[PDB]
Structures are given as structure tokens and as C-alpha cells.
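Student: Here is what each chain is made of, one letter per residue.
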Amino acid sequence: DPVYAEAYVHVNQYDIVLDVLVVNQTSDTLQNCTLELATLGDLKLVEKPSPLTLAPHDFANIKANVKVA
Amino acid sequence: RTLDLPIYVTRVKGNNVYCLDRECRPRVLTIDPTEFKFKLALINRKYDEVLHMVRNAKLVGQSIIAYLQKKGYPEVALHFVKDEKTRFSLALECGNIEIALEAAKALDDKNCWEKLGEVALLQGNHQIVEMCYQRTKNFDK
Amino acid sequence: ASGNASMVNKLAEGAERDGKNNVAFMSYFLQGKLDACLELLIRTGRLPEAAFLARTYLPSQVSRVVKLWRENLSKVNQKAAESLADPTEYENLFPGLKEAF
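Residue numbers (PDB author numbering), protein chains in the order written: chain B, 739 to 807; chain A, 562 to 702; chain C, 705 to 805.
A portion of the hints provided could be inaccurate.
[Stated by the list, open to error] Simulated crosslink set (SDA-like; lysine to any residue; CA at most 25 Å straight-line):
#, chain 1, residue 1, chain 2, residue 2
1, A, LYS619, A, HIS687
2, A, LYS676, C, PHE729
3, C, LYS802, A, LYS643
4, A, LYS698, C, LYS802
5, A, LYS643, B, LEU781
6, A, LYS643, B, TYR746
7, A, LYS632, B, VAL747
8, A, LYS646, A, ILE604
9, A, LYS619, A, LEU662
10, A, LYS646, B, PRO740
If you are wondering where the hints come from, they were derived from the structure by calculation, not from laboratory data.
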């Protein structure tokens, strides 16, 4: 979609960290859905950048830190 | 161009691009090649295109790592690049010491410097290097 | 403090012994011996620095040495990284005609 989100994982030092490109090449901070937290392994996922707009034609970095221990 | 949930490339029917996840989760597609143009373009130093596209990643996990990690020009750096920290990484990766200079100014992660002036010298200019070292307390040196 | 060469030769021998590059140099100098300083450098991989001495107080090893340093650089290709000239062009060595011989 215009909004193209591309993402891969980078694990940078303990922290497995989530590179997200949500690029919202959308025609607007299109409304966004939902995301859920959880216990993970000896890690827990632990962050979400809060908003839910898919800002028009716009590119965004959405970071998830994970909790790595 | 970027996919759209699972797809698999089946093969290529012309420019009007076609894509498949197996038998659904499908595309007709306005193209946008990357690369072809590129190693040729690159091979002839040419940027015009990329630029023109204004195409600009280098990370997705990474994305500089085709050979932009094993860089090809710092012309590349120019299409995209960011934070002083990032810039810095480039400053080593390219060895972009232009960006380094500022980067340096903006570095202040010592060690970072600390290697670097020499390296700078190594690459050149001690007129400058002397300064670098000056704050560095390689006074004796 | 009183000073002494003899001490220095034996010591030189010692200088060779010690295992960090720097002291040994002072010695070499101290004795007056570019040659020694420069030879020392060859082992340590002091290369940029070695060139400065070789230039300053000319044993014209700058020519010799530079080629080798450059070669390292060369190994680590890129033309800028290669870097080149001794009598003329980039450097004009003996054509510059200025202060170390």
C-alpha cells in the first residue's frame, strides 16, 4: 500500500529491537489499528510508539524495544 | 517497490509487473527498479537516478549493506544519512571524514576521536590533526 | 643526569629489551642516531611517524619509507589512500630544496 511498512529486526546489544518502517505513504495519518503487549521469553516486549495515524505520504520509525532478560 | 503481506515473486511478465504469494495475496504493479540502473549507474558513478527518485533507505534492519556498507562513493551518503550518531557511523563506514569533521566536533565520545585524529592523519593533514590531539591530551605526542 | 653514551650502548641493548616502543626511541635520539630510531619504527609499525623523522632530520628514508607506508595504504586501496610522489609532483623532495640535508 502507499503505506508500506517494511521492517526488520536489529538486535543490537541484548536488545532485540524492532526497526519498523511504517511508511505511510498513505494519503493521510490513516487510522491505525491495534497492537498488544506480552510477556515474552527471557525478554518481554515492551514498547510501542503510541499514535495511530498513518500520516500522509510520510515515513515513520517505529521502534520496539523488547526487554531482553 | 515493496510487497504487500506475503508475496513471492513468481516471475516477470513485462514492465506491468506481476507478483504472487502462491495463488493469492497478489499484484499488477507499477514497477520501480532499483538496482539495475544502479550498478550500471554506479559503475558509471551515476546517481542521477536515485536521487531523482529520491529513493533513500539504508536501513530497514539495514539496507546499506549491499555495498553501501561496503560503500561505493560517499555520494551515497548524500542520498540519505541522519543523526550525528548515525552520521558518525558513516563517518567510519565511509570513512566519511568530512562528516567526520563535524561529526567530531559533535562527537565527543573521545575514544572515538581518540582513534580518529591519527586516522585523520593517516588519511592526511596533521595541521588539523594537531588540534584534534590538542584537546585529546596527547600533549606529549 | 651526568649523561653517558656507554650507558646508552648497553642500555640500547636494553632498550631493545623493554617492550614498549617509546623509551627506546629517546635513547636512539639521545645517542643521536636517526638510524636507530628509524629501525626501531620498522618493527613497531610506527609508520606515519617514522616518516616525519625521516623527513625532518633527513636520512631521506622519507623516500624509502614513504613507499612502504603508502603501500600499506595501497593495500587499503583508494587512490587518495594510495597517495603518491617523491622528487616531483605531489611532493617535490629534492626539487623543493629546503631543511634537512
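Student: With a cut-off of 25 Å on the C-alpha distance, tell me whether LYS698 of chain A and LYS802 of chain C pass.
Tutor: Violated, because 31 Å separates the two Cα atoms, which is more than 25 Å.
Student: Take a quick look at whether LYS643 of chain A and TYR746 of chain B sit within 25 Å of each other, Cα to Cα.
Tutor: This hinted pair holds, its Cα atoms lying about 19 Å apart.
Student: Are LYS619 of chain A and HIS687 of chain A close enough, with their CA atoms no more than 25 Å apart?
Tutor: Not satisfied, since the Cα-Cα distance of roughly 33 Å exceeds 25 Å.
Student: Given the hint that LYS802 of chain C pairs with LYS643 of chain A, test it: the Cα-Cα distance must not exceed 25 Å.
Tutor: Measuring from Cα to Cα gives roughly 46 Å; hence the hint is violated.
Student: Is it true that the CA of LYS646 of chain A sits at most 25 Å from the CA of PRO740 of chain B?
Tutor: 30 Å, violated
Student: Are the Cα positions of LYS676 of chain A and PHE729 of chain C separated by 25 Å at most?
Tutor: 22 Å, holds
Student: Need the status of pair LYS643 of chain A, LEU781 of chain B: alpha-carbon distance at most 25 Å?
Tutor: 30 Å, violated
Student: Next pair to validate is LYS619 of chain A with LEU662 of chain A; report whether the Cα-Cα distance is within 25 Å.
Tutor: 22 Å, holds
Student: Given the hinted pair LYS632 of chain A and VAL747 of chain B, is their Cα-Cα distance within 25 Å?
Tutor: Distance ~22 Å between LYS632 of chain A and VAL747 of chain B Cα, so the pair holds.
Student: Is the Cα-Cα distance between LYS646 of chain A and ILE604 of chain A 25 Å or less?
Tutor: Status violated; Cα separation ~29 Å.
Comparing the model with each earlier hint shows violations of hints 1, 3, 4, 5, 8, 10; every other hint is respected.
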